[PDB]
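Participant: Take the given structure of chain A and dock chain B with the ligands to it, following the hints.
Residue-level listing of the chains:
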Amino acid sequence: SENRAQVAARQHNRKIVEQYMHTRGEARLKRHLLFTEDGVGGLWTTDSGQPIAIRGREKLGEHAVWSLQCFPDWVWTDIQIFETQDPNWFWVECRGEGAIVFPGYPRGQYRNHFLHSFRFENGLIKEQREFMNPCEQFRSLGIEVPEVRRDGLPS
Amino acid sequence: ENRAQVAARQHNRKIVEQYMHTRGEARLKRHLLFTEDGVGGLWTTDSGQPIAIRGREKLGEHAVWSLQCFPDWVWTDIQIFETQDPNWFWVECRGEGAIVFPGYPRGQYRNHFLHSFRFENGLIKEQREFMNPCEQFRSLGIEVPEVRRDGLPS
Ligand SMILES: O=C(c1ccccc1O)c1c(-c2ccc(O)cc2)sc2cc(O)ccc12
Ligand SMILES: O=C(c1ccccc1O)c1c(-c2ccc(O)cc2)sc2cc(O)ccc12
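First to last, the protein sequences are chains A and B. The opening residue of the first sequence carries number 11 in PDB author numbering; numbering runs sequentially from there. The opening residue of the second sequence carries number 12 in PDB author numbering; numbering runs sequentially from there.
One should not assume that every hint holds.
[Said to hold, decoys possible] According to the in silico footprint, chain B covers these stretches of chain A (three or more CB under 8 Å from chain B):
#1 11-19
#2 89-97
#3 145-154
It is worth saying that the hints were derived from the structure and are not from the lab. All C-beta atoms in this analysis are idealised placements derived from N, C-alpha and C, irrespective of residue type, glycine included.
Just chain A, same shape as in the assembly:
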């Protein structure tokens, strides 16, 4: 029963995506338990143009400790979960917001729009990726954002 197996996987995986997106506060310290042992998470949109990937359930648990310090009240909001034709692949559109307490920068407030990709293997997350506009993180840190000159562009 291929269809029955796919339906069951999609239903379970959706529950894991929901749980991930609703994980807040001290529960963030256990969010890595939603991943496979070799699971990868992280931020795919950065100033360098390369992802910052956090590799392995153990490193993901270590990152959570840092995350609670530097984003102490972070929440995802406006959460819209998208199932796909692949029962093991979901997308989420949402916003996120919270204080940002990055080392060596003034404390700030960070808001952004996010897309998340979740790929599953055997009931847990194998790959999580988040995509945002880094310009908004720059603004939250007081970093000057470059501006494309629009004089010559239609408007």
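Facilitator: Positioned in the frame of chain A, the structure of chain B with the ligands alone reads:
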């Protein structure tokens, strides 16, 4: 209800595929894939606000500009995602081409993109594209700031 949803999803998928494969002079007619009041544009920009192109007529005018400033643009590595909403699709892809912006040196622009497509009565009501603007800055020779990482776990 289910027959209607299946029919919508199958037709809408063909439109997404056509959009993503549209290149060259055919870009001048891509706006015909939209409703009269359809919206398209770039949701990730330096200002933090979208640059939305409102209405099928304005979309057709934007295509003319697009063919001048992105004269050979191609979408590659296209992955189309249907969803539980037969009228909502997402696409993960890359894009590449020359960038010829007014008052900047000619460059080569490459980026990773996500696209959202929402449909109404067989045509695109809302198209949005999401990318990392730092790569467009680099293509234009604009300096990209660097978040200092010394204090961050490595
Ligand atoms: O915000 C993050 C981040 C990274 C990965 C996962 C979640 C995040 O929020 C970040 C960096 C970072 C690197 C190492 C580390 O241990 C903690 C954070 S560097 C950097 C540069 C940018 O332009 C924009 C964001 C960032
Ligand atoms: O590239 C675009 C663009 C905008 C909308 C749809 C497709 C696009 O590719 C663009 C701008 C633009 C504005 C008016 C116009 O008529 C033509 C282009 S300004 C700007 C500033 C940024 O930081 C990054 C990108 C851009």
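Participant: Which hints, by number, does the structure contradict?
Facilitator: 1
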